[PDB]
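Next up is one chain by itself, shown in structure tokens, the form deposited in one PDB entry.
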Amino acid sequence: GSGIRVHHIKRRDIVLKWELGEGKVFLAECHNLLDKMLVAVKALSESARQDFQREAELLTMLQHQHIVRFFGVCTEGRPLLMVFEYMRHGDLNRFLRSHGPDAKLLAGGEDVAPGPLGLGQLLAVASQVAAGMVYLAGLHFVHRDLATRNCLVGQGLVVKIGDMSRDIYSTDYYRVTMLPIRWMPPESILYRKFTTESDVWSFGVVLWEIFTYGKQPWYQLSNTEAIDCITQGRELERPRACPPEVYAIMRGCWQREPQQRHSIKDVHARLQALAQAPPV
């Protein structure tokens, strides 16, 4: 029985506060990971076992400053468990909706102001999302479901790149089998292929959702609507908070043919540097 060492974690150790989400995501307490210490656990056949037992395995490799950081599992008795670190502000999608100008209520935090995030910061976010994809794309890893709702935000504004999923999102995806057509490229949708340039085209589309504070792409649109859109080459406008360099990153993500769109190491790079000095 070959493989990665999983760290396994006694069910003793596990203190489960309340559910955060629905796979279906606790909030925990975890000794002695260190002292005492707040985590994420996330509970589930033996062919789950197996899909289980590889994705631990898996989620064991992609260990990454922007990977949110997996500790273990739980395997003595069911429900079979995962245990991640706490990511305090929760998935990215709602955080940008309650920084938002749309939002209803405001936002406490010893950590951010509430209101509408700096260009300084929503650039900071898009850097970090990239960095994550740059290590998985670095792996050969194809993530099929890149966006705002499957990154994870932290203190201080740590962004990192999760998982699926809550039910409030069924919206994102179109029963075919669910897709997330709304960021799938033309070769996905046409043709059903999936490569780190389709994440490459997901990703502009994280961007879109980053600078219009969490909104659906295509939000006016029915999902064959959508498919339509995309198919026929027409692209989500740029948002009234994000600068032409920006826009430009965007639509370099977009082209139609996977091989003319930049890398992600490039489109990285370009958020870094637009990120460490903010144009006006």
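Positions refer to the first chain, counted from 1. We call the rigid core the largest set of C-alpha positions that still match within 1.5 Å between the two forms. First, how it differs from the form deposited in another entry.
- The comparison between the two forms, aligned on the rigid core, picks out a single residue among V73, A107, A124, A137 whose CA moves by 2 Å or more, and that residue is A107.
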Second form
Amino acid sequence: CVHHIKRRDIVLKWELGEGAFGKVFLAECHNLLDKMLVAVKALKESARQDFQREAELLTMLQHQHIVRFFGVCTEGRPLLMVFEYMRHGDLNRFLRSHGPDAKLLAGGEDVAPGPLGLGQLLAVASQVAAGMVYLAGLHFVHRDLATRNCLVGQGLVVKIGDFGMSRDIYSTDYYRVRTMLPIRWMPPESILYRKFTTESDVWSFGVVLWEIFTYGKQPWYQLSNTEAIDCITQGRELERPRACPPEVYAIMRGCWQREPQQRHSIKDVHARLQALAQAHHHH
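Next, report the structure of the form deposited in another entry; the form deposited in one PDB entry has already been given.
A lone chain is what you will see next.
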């Protein structure tokens, strides 16, 4: 069911990054019905089994807020996976680039440098929630939802992926125990017993909300991985960000209920973020 692309149509431009399993390139692609920019993942490695499984999954996950997969290229080696190109890169760097120090960090020609406002922060939040509502419905558990696993494209379009580049670029966001876990986004049951569910993803979503309203700060930045593990298991909650309205904090607190069945459903979270976004559109 996977779509196939001819290797002659893929025109490599430059390596964007390197994951453990592959290399990512910025490329030019002809006929995706004509010089369209794409993100091509080239497989390093048996693994031909994993490549097929992933390609079939990516072929099935099609949504407005899920990074677009356009197909594979089995004609030769390396094996290629073609995805849409999102100009603004990962959402953590984007938030960091459009925060309190945006004027200092901006290039001469950059358009209206300055922090993103409430409406924008809410527009990003609502779109991430929408992509998570889709996954929940398909009984799909992300496991690594964080701003680094989100992409931004022109016109503040925000989409969810799961990147191997994110594990490299943001290696500090993972803890070894070899399985690298994103402990700072995980609820206690996941840290304690590796219990990943839609309810652990809604917890991660609350942590993602905190990242949006702190403009990219690391959850528990003041703490070491072991101090963060004990804070999370003890039941400590992330302090309200200064840029965070109280009602948005109530949403986070909904996502962080100690018991997984007590946590707010992603649909309710989405409906509320959309309601707030809608109430600030003209003001």
